[PDB]
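In structure tokens, the next block holds one chain alone, the form solved without the partner chain.
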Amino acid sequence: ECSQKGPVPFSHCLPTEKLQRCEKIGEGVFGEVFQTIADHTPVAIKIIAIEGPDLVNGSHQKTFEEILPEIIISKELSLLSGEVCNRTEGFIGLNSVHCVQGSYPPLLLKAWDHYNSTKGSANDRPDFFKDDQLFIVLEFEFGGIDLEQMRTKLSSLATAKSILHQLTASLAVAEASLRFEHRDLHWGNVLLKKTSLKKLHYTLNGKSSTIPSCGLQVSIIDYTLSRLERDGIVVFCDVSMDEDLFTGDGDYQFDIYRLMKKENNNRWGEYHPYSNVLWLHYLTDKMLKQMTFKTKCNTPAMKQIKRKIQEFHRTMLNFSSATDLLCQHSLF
């Protein structure tokens, strides 16, 4: 809703010594995603034009009223970390949200240039921004590095059960708490951070439980398409009249976009948590078909886990929700 009396300059959020640690880690049509350090403490920033009457990175510029949803979602999913009945951390925590004004900080264009050089950008260079330009700036806990980039780096299929378990547990709680669909859980939006912790903890509809961590702490991101309600008030991204999302493939990912629309009949207001099961199946696929493990499955026990996950893959599309998976499916 509000954090200030009006718009502020970039230096409020990104003082000099912070801007000098800013380093781009991701992007979308909305804008850009940078890592930095704040008081000895890493943080992901998300910067997003607003009220701009000109086209940015392709689409138009979301209004304040249009960007609010994402905030609400981000805040609500963060609260979960410290709730009681429906509790999970397997999302990412918002530390701050500020409306910023001015042209783009040159130091950040240096960071944007480096990204585009080593990796390539689908967005235009943000040098065309004026000094009257308003942005929103979301500052989050820093979750880790996404699964795609973490393929060679996983250790065993054990680790894969742990992640899938963690994701389901999270989505279940969000279903339970907020009636939540993520609607875009590509292996890009699943972060992993090493944790010395030996067991993670969550609570679903009042029941507490653990999940062996296998040295990893999974965090979910990118609430760009996500959905939820509190008090019968739904907050969601309408894509009914979008096309590109459902038209375009290569990877199995792109079939999910089609499948969701098949599920919900192109009415995106409605609550269909199968959407979460789909995305979970997609991820199980990824776990089985394009992951490469530091330890090889050549031991009777790692075979057993393999089988246990294949059986998960085939069986799981016949459950109605992450909740249902978590409770009912015999992987857990």
Second form
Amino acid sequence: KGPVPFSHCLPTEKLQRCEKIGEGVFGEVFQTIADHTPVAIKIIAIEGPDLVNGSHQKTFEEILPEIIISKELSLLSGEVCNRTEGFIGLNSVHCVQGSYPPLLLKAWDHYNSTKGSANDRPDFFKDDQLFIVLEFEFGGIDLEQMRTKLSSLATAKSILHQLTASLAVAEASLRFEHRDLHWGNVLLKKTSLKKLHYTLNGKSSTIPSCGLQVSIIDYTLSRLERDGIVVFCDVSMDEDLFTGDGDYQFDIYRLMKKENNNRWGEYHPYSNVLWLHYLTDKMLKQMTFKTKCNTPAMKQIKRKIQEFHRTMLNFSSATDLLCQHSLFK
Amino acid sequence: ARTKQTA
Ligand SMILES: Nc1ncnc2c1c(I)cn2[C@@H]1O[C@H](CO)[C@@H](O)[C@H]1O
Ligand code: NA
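I've shown you the form solved without the partner chain. Could you give me the structure of the form deposited with the partner chain bound?
Once more the chain from above appears, this time first in line as the rest of the complex follows.
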């Protein structure tokens, strides 16, 4: 077949509505709308010689694991025995060719002026440059940007409960590890559902939403298996992944390496526990709740979450936490 | 937020 122009993924009206909503070393994420429905578009340069955001571009083979894992996780919303909507929907993947669309560069510029960017302005790509364009369901706003917007300690418990269940279901279905579940990768969207449903090994349960649906995104470093074929990112030789400081996030990579003996092909669901611990730590230390923590009931929820924080590292997986931890009774 | 630290 071969690639398609950016205009294929982003016809005039869709392109005009693109706004930048995030970034990483991988490239750029734009929100737009199609058939009256918001979507997020992740654009990753591939196969070219230019350094991008400090790193070499991936080949098509190197980007396949992300695509495969994005598809498997998206599929869980539709399964029976192990079902959850707690990841993100994947709509489509395309291989696109061109220089960066001028309208996306303007959107890039607007973000850089308001939020600041840690990326290079993507204005040096030639007309034959390839990209992978992944279109996802819009999952709302990341937990870091929502750190002053959560209502109450009940909201915090619901988010942790949703995260834990989603991970457990992915563990059970796919021997999944996220491996990079920093707070940019947890999305919150308003829902009018009072409770959310999941199914773990044929058993269905619900979790009070407190008005929010959580989505886990970005499977760049993730791992799973299907048909006893493991799909993963081998970061054994990536030293700078392990040398960060100034946030507990950067200890999580070191602690994962310790757990797995630097062997990233193996299944170690304890990594999901480590990420949950980091998120629980964020809930306790970096959130300013709109209703603060002002009643005996809210204080009690805070105490239960601190207890979770002090105990949860003695569990072996998200599935073990969900099924056995007192917080979820 | 980002996987590796970077201003
Ligand atoms: N599907 C989505 N819905 C809403 N926002 C999204 C996504 C995706 I894929 C990514 N993002 C935003 O972009 C940042 C970088 O991955 C993330 O930190 C996040 O802010
Ligand atoms: Na979701």
